[PDB]
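There is one chain below, alone, in structure tokens, taken in the form deposited without the partner chain.
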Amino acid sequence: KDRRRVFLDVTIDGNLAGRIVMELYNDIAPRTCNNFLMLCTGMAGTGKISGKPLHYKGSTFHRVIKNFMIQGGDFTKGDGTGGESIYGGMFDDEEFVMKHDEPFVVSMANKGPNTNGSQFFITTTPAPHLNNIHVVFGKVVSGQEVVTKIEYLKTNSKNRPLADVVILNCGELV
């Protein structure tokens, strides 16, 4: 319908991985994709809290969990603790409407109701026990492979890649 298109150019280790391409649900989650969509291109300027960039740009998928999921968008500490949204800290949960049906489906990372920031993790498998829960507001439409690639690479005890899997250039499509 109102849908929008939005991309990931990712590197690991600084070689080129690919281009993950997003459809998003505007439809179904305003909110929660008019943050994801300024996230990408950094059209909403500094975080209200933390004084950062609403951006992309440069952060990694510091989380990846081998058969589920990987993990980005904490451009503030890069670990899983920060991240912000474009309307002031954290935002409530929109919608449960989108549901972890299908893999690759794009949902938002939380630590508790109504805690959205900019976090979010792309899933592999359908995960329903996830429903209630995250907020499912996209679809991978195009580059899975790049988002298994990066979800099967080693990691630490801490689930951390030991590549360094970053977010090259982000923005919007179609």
Given for the second form:
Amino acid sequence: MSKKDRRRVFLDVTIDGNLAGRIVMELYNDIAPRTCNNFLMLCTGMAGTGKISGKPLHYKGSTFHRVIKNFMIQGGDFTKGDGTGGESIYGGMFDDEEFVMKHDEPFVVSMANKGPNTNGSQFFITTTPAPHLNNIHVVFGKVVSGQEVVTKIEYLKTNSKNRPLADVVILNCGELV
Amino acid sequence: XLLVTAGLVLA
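I would like to compare: after the form deposited without the partner chain, may I see the structure of the form solved in complex with the partner chain?
Everything in the complex follows now, all chains and molecules, and the chain you saw is the first one.
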């Protein structure tokens, strides 16, 4: 493994248009190379267009559509915006790499899915240990800066389906080379 | 409850 191979990405968020801060994450390409590559290519959007979706493979413009207090925030659905869409750069969904990293710490980044090998683009950031997710969800990165923006988003008022009343937008994203 | 899925959301 090489810590040198670990890349960095960011998510500039806005809540109802107001600047909320930047989230900087460290991806672990030395432990989840396939997964992390998906994430970074999605932040920079340099992977083109969805083979199935058709829409651009880019988190930019997508939202954080679901949030749970004392738990996590979820987003990355850039094709439906409701949690039923999203697509990886590899065309459609891709497989679960070795579940090496766990949700034994707060603020780790993980892949949201709908069962085995169903990784699309949707991901979540926890704000608490979520061991009941270990081995079921692939943990690829970790927040190293701006964990307060996550906390700010997590406690936003939501509707009955846990969607934030305000529009939480990833106004911009990319890599920190 | 506390799950993070894409499509079939549970409690």
